[PDB]
Every structure is written in structure tokens, then in C-alpha cells.
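Shown below, as C-alpha cells, is a lone chain in the form deposited in one PDB entry; questions about how it binds or moves come after it.
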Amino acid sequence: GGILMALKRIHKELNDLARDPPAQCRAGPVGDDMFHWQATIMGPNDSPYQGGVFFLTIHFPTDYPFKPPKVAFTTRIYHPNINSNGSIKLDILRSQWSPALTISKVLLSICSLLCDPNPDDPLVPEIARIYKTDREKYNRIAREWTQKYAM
């Protein structure tokens, strides 16, 4: 068992992701290594990320699903909860992880995080201050980074 169990579950999640893909997400194994995936999220409509293509890297632990996956952006994005290293401040990836959760539900959570940031528990305090104080400036800068880094 163990690693074999993680492999079987990751195949199951990959097939499910293929047949019922989350909105504006697509993800898959990189080559023949199924513990390393690459994903893309299209910037949601009616958000300052619209039109962008945002790339994410996923690493499944050896104890999956008993440890959460490690998920990071490789695309620069202007977001209160995503730092310059692409790290994501997201509860279901750290403290609300359950082995019942699936990579497809991780991806939904990240898209919702793009639509609805959490500035009261921020990963980049300056961007959270701007988000709370001057929303239009926030949206303008997020659009500018979408055009500069994600298009």
C-alpha cells in the first residue's frame, strides 16, 4: 500500500478531473511523473484577471491524500493572498485539508480566491491595504499585471 494507494487515488482524481473539469481549469501529470502536475486557470470573467492565462504547479505528497498537495503559481499575479514566489494562502491547502478533498476542489477554491480575496488574513499586506482602501486602484493594477505577466 502507501505509495501505491496514493498513485491509485491520483489516477482516480485525474480521470474525474478530465470528465468533469472545474470551470476555467485544466490540469494534468507532467510527463510520466504523476506526483507532479501542471495546471492552468483562465482568469475569471468579470474579474481584473479576465483574459489572462495563469499557470500553476502541483506536487502531490507521498502520503496523499493524507497530506494536502503543494500548489503554487508560476505566473506573477497581483493578489492579497499570493506572494512573489507564487505561494497561496489558502485554508484547504494547510489547516482545513481533509483526505476527502480532491485536487478538483482545490482548483475551485483557488478560482474562488481569485474572485473573492481574503484581505483580513493576507499574504501580501500592501496589496490587502490597497484592496480594502482603494478598490479601483487595486483592479487597475491587477489588470495591468494580467496584461504584463499573464497575456
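Just so we're on the same page, rigid core means the largest C-alpha set that superposes within 1.5 Å between forms. Positions refer to the first chain, counted from 1. What changes on going to the form deposited in another entry:
Comparing the two forms between the two forms on the rigid core, the single residue of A128, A142, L17, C25 with a CA shift of 2 Å or greater is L17.
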Contents of the next structure:
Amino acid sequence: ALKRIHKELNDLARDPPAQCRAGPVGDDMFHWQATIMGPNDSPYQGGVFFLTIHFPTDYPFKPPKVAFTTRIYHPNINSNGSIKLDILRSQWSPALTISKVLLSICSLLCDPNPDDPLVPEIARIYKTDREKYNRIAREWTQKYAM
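Could you please show the structure of the form deposited in another entry, as a counterpart to the form deposited in one PDB entry just displayed?
Lone chain follows.
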């Protein structure tokens, strides 16, 4: 795992992504912290969202363990910061680097799945009253992520 994680870290330094940033916490290469910028023209714009990342010992053959530490209003992300997303479990692929995973998570923000939700209450609002969903997501973005 180490050689793989080091190359990811080196590639990030060489070619820094714009939508996200990630790096190790101290000396532990298996514990990273990341930020994702809230996409423009969305209820999350202006927002900066932090995530905690743990690479398992058998990375990259098992997915990184990724969770938000910033609060975010979303059908597939709960108040624990837990993210229910298929590439983080059954649809994982060894080819996915942490940067691609973070971009993937970012694209999930404006493409939720309300039909199979982690947070039913938020899903219901999303499907029935979108203006309200947008309103509350903005309020949370202003309050917790800025």
C-alpha cells in the first residue's frame, strides 16, 4: 500500500487538483484529511467541506474509509458524516485514487439518489419540495461550511 499511497501523494503535489485537496495527518500515511469545495451554482457554493480518510492495510484492493467531518445537508450523507456511495463499497475499483474518489464524492452532491436514501427525511423533502431542500442546504452551507 505504501508505495501506492506515496505515488498518490507525489502526484497530488506535482499536479494539484482545484476542486479538492488532501494530505496525510502528521507522519501516518494511512490517515489523511481532505477538503472538497462546494460546487458553484448549487446550494453548496461557497462551502468548504472537510473529510477524514483512512487507507486500510490492503489498499488499494479495499476502498478507503471516508467520512465528512463538516456537516452537510444531503440524502446520501448523514449527521455522522457517513457517505453511502457504491464506489466506497461494492463498486469499488483498485484503480481509483483518493483524488478521483474525492471528485466522485463532490459530483454526488448535486446528483443524489433520493430513491434509495441514507437519510429518508431529507430524501422526502428533495422529492416533494425542492425549493425548500435548496433553502435548507444553503442555510447549512452558510452555517457550518463557511
